[PDB]
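One chain comes next, on its own, written as structure tokens: the form deposited with the ligand bound.
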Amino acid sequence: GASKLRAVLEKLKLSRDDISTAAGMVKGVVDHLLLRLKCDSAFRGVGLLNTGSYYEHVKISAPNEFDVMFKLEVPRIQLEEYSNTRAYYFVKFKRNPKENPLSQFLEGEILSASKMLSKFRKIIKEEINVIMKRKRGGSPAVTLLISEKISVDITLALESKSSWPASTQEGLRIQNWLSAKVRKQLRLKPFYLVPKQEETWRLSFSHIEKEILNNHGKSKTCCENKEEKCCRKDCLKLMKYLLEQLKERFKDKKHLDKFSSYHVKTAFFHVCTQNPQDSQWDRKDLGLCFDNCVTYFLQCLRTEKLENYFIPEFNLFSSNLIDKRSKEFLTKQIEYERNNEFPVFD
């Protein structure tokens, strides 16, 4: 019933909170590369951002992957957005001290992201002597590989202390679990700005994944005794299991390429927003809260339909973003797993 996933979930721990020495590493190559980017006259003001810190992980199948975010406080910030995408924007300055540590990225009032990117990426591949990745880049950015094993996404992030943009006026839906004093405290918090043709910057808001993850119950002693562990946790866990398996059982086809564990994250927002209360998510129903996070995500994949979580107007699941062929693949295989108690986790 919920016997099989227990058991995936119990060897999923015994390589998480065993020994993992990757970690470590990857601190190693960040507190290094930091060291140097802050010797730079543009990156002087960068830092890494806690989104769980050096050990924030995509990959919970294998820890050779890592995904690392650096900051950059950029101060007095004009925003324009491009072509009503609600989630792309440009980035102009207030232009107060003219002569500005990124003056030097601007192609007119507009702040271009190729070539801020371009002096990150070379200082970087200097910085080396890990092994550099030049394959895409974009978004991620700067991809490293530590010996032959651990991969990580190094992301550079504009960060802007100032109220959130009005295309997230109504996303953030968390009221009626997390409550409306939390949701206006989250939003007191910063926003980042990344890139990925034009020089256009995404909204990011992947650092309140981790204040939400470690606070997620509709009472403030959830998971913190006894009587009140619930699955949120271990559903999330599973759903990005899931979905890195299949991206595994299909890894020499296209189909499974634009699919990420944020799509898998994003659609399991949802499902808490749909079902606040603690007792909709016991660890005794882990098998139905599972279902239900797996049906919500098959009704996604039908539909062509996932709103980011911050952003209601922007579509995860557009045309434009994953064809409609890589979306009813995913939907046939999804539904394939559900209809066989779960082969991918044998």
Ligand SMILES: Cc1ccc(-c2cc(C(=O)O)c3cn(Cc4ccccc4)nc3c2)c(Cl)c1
Contents of the next structure:
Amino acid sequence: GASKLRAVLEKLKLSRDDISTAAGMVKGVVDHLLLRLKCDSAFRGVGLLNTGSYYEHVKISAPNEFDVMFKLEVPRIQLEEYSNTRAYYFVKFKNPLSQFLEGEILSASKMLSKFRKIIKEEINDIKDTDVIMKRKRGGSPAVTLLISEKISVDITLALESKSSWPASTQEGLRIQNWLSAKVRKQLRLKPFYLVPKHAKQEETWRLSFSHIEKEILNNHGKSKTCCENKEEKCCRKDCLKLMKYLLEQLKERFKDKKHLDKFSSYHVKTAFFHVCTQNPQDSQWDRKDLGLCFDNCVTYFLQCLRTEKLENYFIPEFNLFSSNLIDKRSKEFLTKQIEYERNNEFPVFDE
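Form solved without the ligand structure, per the form deposited with the ligand bound context:
No partners, no molecules, just the chain.
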């Protein structure tokens, strides 16, 4: 019940200082690397995009792991959808990237290879930081830093396009009844990002809207003053934290076979945004209703698992839970675990 969930939230707060201290160390190294790249390199136009769980104020664990995005301002990009994937594209131009062009198409593999080598090069001049390599993951994260051989920092390179968003997003970002049609128009005037990502041989890039995800989470109410005063304290962020923690704790129980390896915090975050669409009123997220609101989040996530459908919040035809991405057996296994936990008041949360 809600008392147990409040106790979980209190336990998560115990880690706040370790996470923010580690975030400061990451920022020091990231800033140093950025300055090396901007001064003189093939990536002079690089900039820091402050996106991800820490900047959304929902990173509640893993102080030795951070995800960082670098953006690269590029001239006007023309996109070509890869097959009917909706989220993966070839990048053409209508420039300082000609080196990575093959014909008209900007090569993600060439850009990624240059990026990794250049970062390796600059890191040799930076204190107690080394480049390590994790699983390629289609090209994003591009490269991993290890700081004082403790903190792993995944760095993603993203091209910034200031053009209007691709057609596949036309029916996405269904925030009109929650955050307003005015806000949806405002957000769609912002740039979008392209991250090098294999689509599952090809030089494809995947759309990224991490900056918009941050904006929503940090300005998340129907009321503009949601969470700015004691009368409008909602539980949206608490629910996302509890959903992330639920998944983390379930994965912890299968560290041997890693049966839940295909599931990510991004799945939980995406499902959470859909529940915000379904429950657009701040009165549907009253902090006094934490237990009901968390149940709303858990039951919607269960629905996604059972129906094998979790639409990307910005690209509705990109199904994160399609059997091409996550096998049916894994989704059924997670359904059984979450079903049991929900029916028993989340004993995974017991002390």
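Definition used throughout: the rigid core is the maximal C-alpha set that superposes within 1.5 Å between two forms. Residue numbers count along the first chain shown, from 1.
Superposing the two forms on their core leaves just one of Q277, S53, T295, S318 with a Cα displacement of at least 2 Å between these two forms, namely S53. If you fit the rigid core between these two forms, you'll see the Cα of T331 move by less than 2 angstroms. When the rigid core is held fixed, the Cα atom of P190 travels less than 2 angstroms between these two forms.
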